[PDB]
Structures are given as structure tokens and as C-alpha cells.
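Undergrad: Residue-level listing of the chains:
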Amino acid sequence: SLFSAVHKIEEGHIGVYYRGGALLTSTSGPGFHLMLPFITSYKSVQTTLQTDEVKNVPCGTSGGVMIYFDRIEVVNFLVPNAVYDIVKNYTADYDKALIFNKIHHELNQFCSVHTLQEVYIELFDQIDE
Amino acid sequence: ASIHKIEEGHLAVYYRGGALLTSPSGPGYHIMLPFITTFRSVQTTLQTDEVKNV
Amino acid sequence: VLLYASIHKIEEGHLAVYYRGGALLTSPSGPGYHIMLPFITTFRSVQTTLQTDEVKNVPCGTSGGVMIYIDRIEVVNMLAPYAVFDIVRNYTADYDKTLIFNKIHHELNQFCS
Amino acid sequence: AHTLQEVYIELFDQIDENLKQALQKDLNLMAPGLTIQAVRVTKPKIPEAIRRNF
Ligand SMILES: *[C@@H]1O[C@H](CO)[C@@H](O)[C@H](O)[C@H]1NC(C)=O
Numbered sequence: 018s019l020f021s022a023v024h025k026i027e028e029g030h031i032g033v034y035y036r037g038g039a040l041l042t043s044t045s046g047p048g049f050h051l052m053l054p055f056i057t058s059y060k061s062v063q064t065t066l067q068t069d070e071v072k073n074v075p076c077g078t079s080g081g082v083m084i085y086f087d088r089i090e091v092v093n094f095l096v097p098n099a100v101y102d103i104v105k106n107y108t109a110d111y112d113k114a115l116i117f118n119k120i121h122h123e124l125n126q127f128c129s130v131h132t133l134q135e136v137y138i139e140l141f142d143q144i145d146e
Numbered sequence: 023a024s025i026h027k028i029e030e031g032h033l034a035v036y037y038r039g040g041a042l043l044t045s046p047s048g049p050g051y052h053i054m055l056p057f058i059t060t061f062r063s064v065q066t067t068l069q070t071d072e073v074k075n076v
Numbered sequence: 019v020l021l022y023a024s025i026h027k028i029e030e031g032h033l034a035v036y037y038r039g040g041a042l043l044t045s046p047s048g049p050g051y052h053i054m055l056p057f058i059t060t061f062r063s064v065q066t067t068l069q070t071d072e073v074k075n076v077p078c079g080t081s082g083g084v085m086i087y088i089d090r091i092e093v094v095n096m097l098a099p100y101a102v103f104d105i106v107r108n109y110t111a112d113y114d115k116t117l118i119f120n121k122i123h124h125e126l127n128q129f130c131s
Numbered sequence: 132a133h134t135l136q137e138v139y140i141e142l143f144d145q146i147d148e149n150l151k152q153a154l155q156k157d158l159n160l161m162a163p164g165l166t167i168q169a170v171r172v173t174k175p176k177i178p179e180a181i182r183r184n185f
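Residue numbers (the authors' numbering), protein chains in the order written: chain A, 18 to 146; chain B, 23 to 76; chain C, 19 to 131; chain D, 132 to 185.
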């Protein structure tokens, strides 16, 4: 009954509501909030700085040798006003389809132009940028 | 039970006896004919998929 | 009991930040006894005095291509009391993991490459 | 049209672009409306004998 209506949003998140699969154009900030009892589903998307990583990323150097980055972490944040558009276009898991599904391709494209030494030592500080 | 609650980011196309009705339907709750009509939703947003060992 | 549920103590050098339904109430409390609504509101005390923490076995790839592992890197820090509200509003309470000790390894690696 | 070196190293950054260009060129006239936002490819697996030499 009213148990489902209430829901905590947590600080630093924004809640997006689905009306049986359709995204309402109303978003709720942190704090106590109330929605419809059973025909609306809320999910909170983080709008503060957050981090996530991908492990064992291959990288083929210009010399034909393959080197595997153990871990590549990306720290990102989403402005609160664009949350509605972001979730509408790419759902609540936008990060996987926007960043971490192409990290490996970007790394391989960068590596293909640089040699093993060039990536391992010389321009290591430039890989991040 | 006929209600189908089309998803967000998809668009639904119906089939009345294996025929494409000219009327689509956007996200949200919708009502179709009880049994003669069957719906299916195709994703109109960004969609990823791959082929392996090419 | 209401008293047992609500009464809480804030240690010296710590600033308390409360949460009602996930929101951040704009009213931090200093050390000493304090009253908060028993059930809905929950407190967490962030240390503002000098604090220490450490990271282990940080790798380092020297310019010669050889790997050297630094066993222990300790950082001691502190934040002014007035900044507790903002530093908790962003980065949550556990600001250290995402502000210092996640970047330690990468900064050291960049320096020592 | 390309050799092992060109595909494996030199033109890797162009494999995906060429694939996307070809597919979109076909679809433009076959099935208007569909668009290929992006394409990705992993590095090819070259033979073991050629791998040792590298
Ligand atoms: C479907 O085929 C017709 C007939 O060739 C063509 O005019 C039309 O553009 C095509 N549309 C799509 C979406 O494939």
C-alpha cells in the first residue's frame, strides 16, 4: 500500500520515474518523496562524481606486440539538469554504452600508432589525456 | 491482461492476423485488440550488438 | 525507547552530518550531546582533525622499464570544519577513497615513469 | 585489398571507418531511416608463427 509510495533518494542522486515503462518528465531530488503505489517504478541515477573500471584491456603496439593494461578507471559525473535527457536517450545504464564499451577501442586505436616503449614508458602520462 | 505497457525508448508495432497495422504506438500504457492483435516493440534508440570470430 | 534511539554523542574533533530520508540536512553539529529525530534521521561523524591513512604495494614503472613496488604510502590530511557540509554533499562521507587513495597509485606512477 | 601489416597495425584505425561507411552506403538506398552511429573491432588474431617474429 503506502509502503511502496515512499522511497529514499539519497544525497547526490536524482530519481527518475517510469509509468509502466514510460519515463515521466518529472524528476525528484534527494529526500523523502511519494509516488503512485504500484504502477510507477523509481530508480536513482547518480549525479555526483563516480568511478568505474575495466580490467585486462588489450593494446597492440606499432611493433606488433600485445600489452594488456591491468586496469583502466574512468571517473565521471553527470550534471543534474541533463539527467532527464540522458536517461531518456540511454536509460539508467548509459555509462556502459557511452564510455566502457568503447574504452578498449579507443585504447587500441591509440596504441596502434605508438611503439611498445612509446606507450610503456615515454608517453604513459599522455595515455590518460 | 491484454495491456502491454510499451517500454521507453522503444516503439511498438502491432500484428492483426499477421498484418502490419498502420498505427504505431509510443511509450506508455496502451490498449490493443484482445487476441487477434499481437504487439512487438523495436528499439528506436541507440542499440549495440556484435558478431564474433569474423 | 525514544531517548535510547535518538541520543547520540559526537566525538571531539568530529563533525556530525545527519540524513533524513537520504537528504543532507543543512545543520551539522559539533562535539557533545545532541538530539536528532529517532528513526528517520541517522547521523555520521566525519573527522576534521588530523587523520592518517595508508596504501600498500603501490607499483612503479621506472624510466628504465623495471618495476619497483613501494610497500607503504601514508597520507595525513585534515579539512576545515566549515567545509564538512560541502565535502559530504559531494563525494559522500568517504571522501578519502575517491579523493586521495585512489589517485595515489596513478600519481606516483606518472611521477616515477 | 590490404596486407597483414596494414590490417593488423597501420590501418586498424581505418578498418572500422571503412566498415561503417560501406554499411551506411548500402542502407542509405536499401532501408532509409536506419543509421550506424558507430562501429568497433578488436585486434585480429595473427598466426602463431608470425606472432613470434613480431
Ligand atoms: C521499403 O521499400 C520500399 C520499396 O522499395 C522503399 O521505397 C522504401 O524506402 C523502403 N523503406 C524502408 C524503411 O526500408
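Rather than coming from a laboratory, the hints here were simulated on the basis of the structure.
We put the beta carbon where it would ideally sit given N, CA and C, even for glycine.
Please note that a few of the clues may not be correct.
Unchecked claim - Derived coverage of chain C by chain A (criterion: at least 3 residues anywhere in the stretch with Cβ under 8 Å from a Cβ of chain A; other residues may be distant): (1) 39-47; (2) 84-97; (3) 107-115.
Undergrad: For every hint, state whether the structure bears it out.
TA: Verification of the hints:
Counting residues of the region 39-47 of chain C whose beta carbon lies closer than 8 Å to any beta carbon of chain A gives 4, which meets the minimum of three for the stated coverage. Here the region 84-97 of chain C counts 0 residues with a CB under 8 Å from a CB of chain A, which misses the bar of 3, and the coverage is violated. Coverage of the region 107-115 of chain C by chain A holds. Counting CB-CB distances below 8 Å, 4 residues qualify, and the rule asks for three or more.
In terms of the numbered hints stated before, the structure departs from hint 2 and from no other.
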